[PDB]
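Okay, so here's the structure we're looking at.
Here we show just some of the chains, and they stay where they sit in the whole.
Note that the chains are named A and B in the order they appear, and that numbering of residues resets to 1 at the start of each chain.
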């Protein structure tokens, strides 16, 4: 396979049962890693995800957990160490979103998105870094951000805030723990072909509208994001820390400015 | 009288009893505005500040409120509209911070900083914009950020995350409500001479270290930031929205590279 240093590394992935999380689980499985698949409630998809990792060449366990509960995040990292003996790569991928005019967004709805997308990632990063620090492991954290840590997002002010926060969180942790050889990075996906979007992307006018925001002209395949994760996790990225690697087909480059407009 | 257009405008300021909030309160008093001074803890300080605003030529009330409580933020804007008749400028300035190695940061401590620094500003921004939209007012929001929406801050990952989040919140709201003429900006102070830093700056070793990180060579004066706030609230900045204006003596320009090191 591609990244031989990933062989037998322990990789924890929150929200790893579907979409980008699942595609990363499979990709690490192709690198013969040991994958720990976290999931919220859908056991059967998690079980499905588990079998793919094994069929791709990896070992895999599944572990239920809500990333807004501190005990569940703590339990997740502990289960990883118990079952597989160590922890090498931590991937905070869980996320939720919903459209609301910002002046109408409730505090409860704001909190759900902040608690899930930002705080969940802090909790995961923290538990992983604690472990690397205590055991002198030169481990790796990948936080799943979005083009919306840079691109503002009307109707999604909670989501945008959560990812803008994630960017400074990641950059801080990278600076703080760089002297220990612990690397911390964001991946910034653009529009991706995942379950959350299956409804929207079946509709031809909506699919075309979205593709018109993508300079490369196509909706990303989850494996293209998983390719970025494998690179970032591997020793090929040994000197790469504190960055956001956008995988967005050019979306952060301002799609409205194609053909020299404005 | 510099910004004549500010005369009789209603300006609400959270944490307006001390430091930067106080300086802003005074300055808008100097512009003959109607300043609403929110405070959490210390009525005696708020009273002392209410006096300065009045002496400087402004009108002022004080309103107790905790920015982490929705009812208190809603109450604050409603009080402003009761007492002064309307709302023109909403300044979300309240903030807290404390150093903790990130892998040792507790969830409650992380939540306290996020709730105060980011969510409080969301609540502030939401209530003001709600009022602007329902009443066809071309209102203005100033969110008080930090060099640390750009500069990562080891030991302060909660703070850094809250301001990185504030950046994207501001940018989103500016984009979302620009067609209504409602403008939303951040100010980014560097190291400022305020109570929050009084401990640090007393120690001449610590004061010198902080100063060695400011290219302009001096710790900022709170009036230098209030000058930026008066500009942004004024019609002078009519085409200016969604920005962060750093008032930092050069701090975001990378202190370590002075004289060309590296």
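Just so it is clear, a residue touches a chain if its C-beta (ideal position, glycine included) is under 8 Å from a C-beta of that chain, and two chains touch if they have at least 3 such contacts.
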(Q) Total copies in the full assembly, please; the file places 2 of them. (A) 4
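Note that in this section only the chains that are shown with their structure count from here on.
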Q | Of all residues in chain A, those that touch chain B in their complex | A | 70, 101-105, 107, 110-111, 114, 118-119, 122-123, 125-126, 129-130, 133, 148-149, 152-157, 160-169, 171-177, 242
